[PDB]
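Given only the sequences and the hints, what does the whole structure look like? Please build it.
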Amino acid sequence: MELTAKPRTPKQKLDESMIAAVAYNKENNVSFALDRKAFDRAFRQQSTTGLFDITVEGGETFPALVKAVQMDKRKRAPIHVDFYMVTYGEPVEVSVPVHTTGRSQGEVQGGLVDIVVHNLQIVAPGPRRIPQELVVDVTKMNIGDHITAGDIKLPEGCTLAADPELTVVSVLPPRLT
Amino acid sequence: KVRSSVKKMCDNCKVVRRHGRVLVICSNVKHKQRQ
Amino acid sequence: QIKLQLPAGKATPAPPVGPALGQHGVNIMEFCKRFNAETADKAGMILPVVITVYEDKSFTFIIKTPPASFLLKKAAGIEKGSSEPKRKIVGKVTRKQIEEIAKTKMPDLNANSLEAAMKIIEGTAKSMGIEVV
Amino acid sequence: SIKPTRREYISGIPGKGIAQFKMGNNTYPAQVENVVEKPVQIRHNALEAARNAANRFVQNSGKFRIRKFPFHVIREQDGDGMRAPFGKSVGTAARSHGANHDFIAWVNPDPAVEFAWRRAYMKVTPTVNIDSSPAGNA
RNA sequence: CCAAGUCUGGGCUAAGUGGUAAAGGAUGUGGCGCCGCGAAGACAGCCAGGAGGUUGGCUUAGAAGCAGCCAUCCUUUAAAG
RNA sequence: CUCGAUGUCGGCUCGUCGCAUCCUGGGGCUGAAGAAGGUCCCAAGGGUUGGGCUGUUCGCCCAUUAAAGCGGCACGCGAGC
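Protein sequence lines correspond, in order, to chains A, B, C and D.
Residues in the first sequence are numbered consecutively from 1, following this note's numbering.
Residues in the second sequence are numbered consecutively from 178, following this note's numbering.
Residues in the third sequence are numbered consecutively from 213, following this note's numbering.
Residues in the fourth sequence are numbered consecutively from 346, following this note's numbering.
All clues stand as given, with none of them false.
Straight-line alpha carbon distances no greater than 25 Å define the calculated BS3-like cross-link-like pairs of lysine-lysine that follow:
| hint | chain 1 | residue 1 | chain 2 | residue 2 |
| --- | --- | --- | --- | --- |
| 1 | C | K292 | C | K276 |
| 2 | A | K73 | D | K383 |
| 3 | C | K338 | A | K140 |
| 4 | B | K178 | D | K468 |
| 5 | D | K383 | A | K75 |
| 6 | B | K184 | B | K209 |
| 7 | A | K140 | D | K367 |
| 8 | D | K468 | B | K185 |
| 9 | A | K140 | C | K298 |
| 10 | D | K468 | B | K184 |
| 11 | A | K140 | C | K304 |
| 12 | C | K222 | C | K317 |
| 13 | B | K209 | B | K191 |
| 14 | C | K315 | C | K286 |
| 15 | A | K140 | C | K300 |
| 16 | D | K433 | D | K348 |
| 17 | D | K468 | A | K75 |
Source of the hints: derived by calculation from the structure; they are not laboratory data.
Okay, structure coming up:
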């Protein structure tokens with residue numbers, strides 16, 4: 001949303017209210033613009049979890065946003081970001097999240113819980129074609145069970161930029177099973 | 178009493194400033210908070 | 213002017229109703245045998261009461277639909293409770309049965325409508341261990 | 346930064362003796378956690394402990410995860426007196442590099458665990474920073 | 001005291017801090033962002049009913065929010081506790 | 001620093017500070033009625049005993065007492081024993 005800059009001035013820039021952030025795209029880049037105030041708001045929403053874009057000179061109103069960056073620093077306040085769009089029908093490198101609900105199985109009865117080393121899902125469905133919020137939770141939880149890649153259950157866009165059997169999300173003893 | 182490290186008893190016990198001093202107060206002998 | 217929880221068919225258990233009512237202003241014996249005149253129509257199952265005492269040291273009064281949580285137990289068949297609700301949950305009951313039980317408690321029970329009535333049944337049977345499975 | 350004699354000649358190859366990592370429960374978004382800023386050969390023991398007392402006060406779901414762990418150690422009095430000092434080991438930990446990802450109170454809505462960790466900081470030693478993660482804490 | 005502007009400009013102190021110190025506290029004070037609203041006329045004053053199936057499970061000799069281990073739901077209605 | 005030299009333990013005497021105060025006043029606290037204790041904040045004025053056995057201090061014991069304090073100053077003092 002907006003964000004400007006692109007000359008050659010990171011220090012002061014990298015200072016005050018404007019944080020660096022390259023204009024990255026397949027084939028071309030352009031001095032860092034943006035701002036340490038927009039990043040906020042938007043970013044605050046769900047960086048590489050949905051997507052939008054800003055109007056700098058109406059130039060090229062496109063999506064793709066961030067494919068890297070960091071609040072690095074100790075303090076925990078980012079500085080020096082990466083920005084890449086995608087006006088193509090190739091959209092792959094697509095990492096969008098996936099949520100459950102709380103389906104009661106090991107929890108609200110077994111107190112047991114479940115780790116989700118997954119959460120996210122870098123895949124590649126129908127380029128410029130993804131539900132900013134995709135949910136899938138067949139339920140199940142408790143004892144020494146576990147679910148991961150393999151099973152899963154992918155809708156429409158048949159990608160999987162990923163593999164089978166691997167960090168899905170299981171149920172462990174928040175105390176004992 | 179605790180001179181050092183006072184922090185709210187009864188769901189009331191107030192925060193007062195005497196001599197810049199901060200000494201707990203609240204409807205209870207069981208709160209005579211002071212530092 | 214006092215609320216109590218006493219058994220039917222019975223009336224004068226030294227320990228429970230001797231002290232209380234006895235001091236709050238109540239002739240334990242009379243009210244006792246007055247109770248027996250009541251809970252003699254629904255013995256075996258506990259019955260609560262709101263015995264009040266004015267200015268003379270006597271009287272009594274109402275008997276209100278016992279506390280669900282427990283009346284439900286008298287229907288299924290289980291003394292106390294597993295050991296903790298939603299932690300030891302394993303007391304599966306049934307619908308209809310349930311819907312036909314709350315249809316009998318309606319009285320001191322919430323309003324006079326199914327949904328409501330039935331719902332509270334699902335509530336109580338939950339806090340103890342009686343799952344609406 | 347004086348450190349030890351080697352990873353297998355003086356004292357290197359241990360378990361360090363402690364109480365493992367993970368606790369609490371999952372959670373996809375909710376970012377609930379703790380880190381620091383202080384530098385200190387984190388007092389093993391003190392360490393191990395601390396964190397633990399953490400579970401002691403909570404119990405289940407709240408990423409009682411914790412990303413620390415000592416692995417080297419000091420030494421001192423053993424032998425003659427003060428001069429040519431050989432070495433007697435004791436007390437390993439790990440450098441808390443001037444702040445960083447401590448342990449995580451990670452989960453949907455379960456501050457009942459935030460306060461926890463909280464109780465976890467209180468403890469600890471080197472001050473500590475109370476914080477949230479990508480998003481905050483819900 | 002001892003030579004040299006009790007210079008001018010605009011902030012911040014109300015403790016003599018300055019004139020040695022840490023963890024640990026607190027509507028101190030001054031400057032920045034958030035959630036709810038004041039004509040569903042808002043927080044702290046005042047009038048009033050301070051709702052019912054809630055008086056569920058371990059322990060009961062007593063949980064029946066106001067011993068503590070698990071629940072955390074339904075409601076006829078001014079809402080919920 | 002001192003070996004072209006500062007005589008070291010305990011005792012004696014003569015003491016002088018200090019406060020985390022043993023006695024003593026003033027306080028708030030208590031699971032404090034009384035009375036007596038316990039807890040902790042304020043205050044050093046004054047004061048805080050005879051013997052025993054031990055080179056000892058320390059220490060245990062004997063009879064007191066309100067009390068029978070902790071520690072400084074080369075763990076004060078040999079040009080004073």
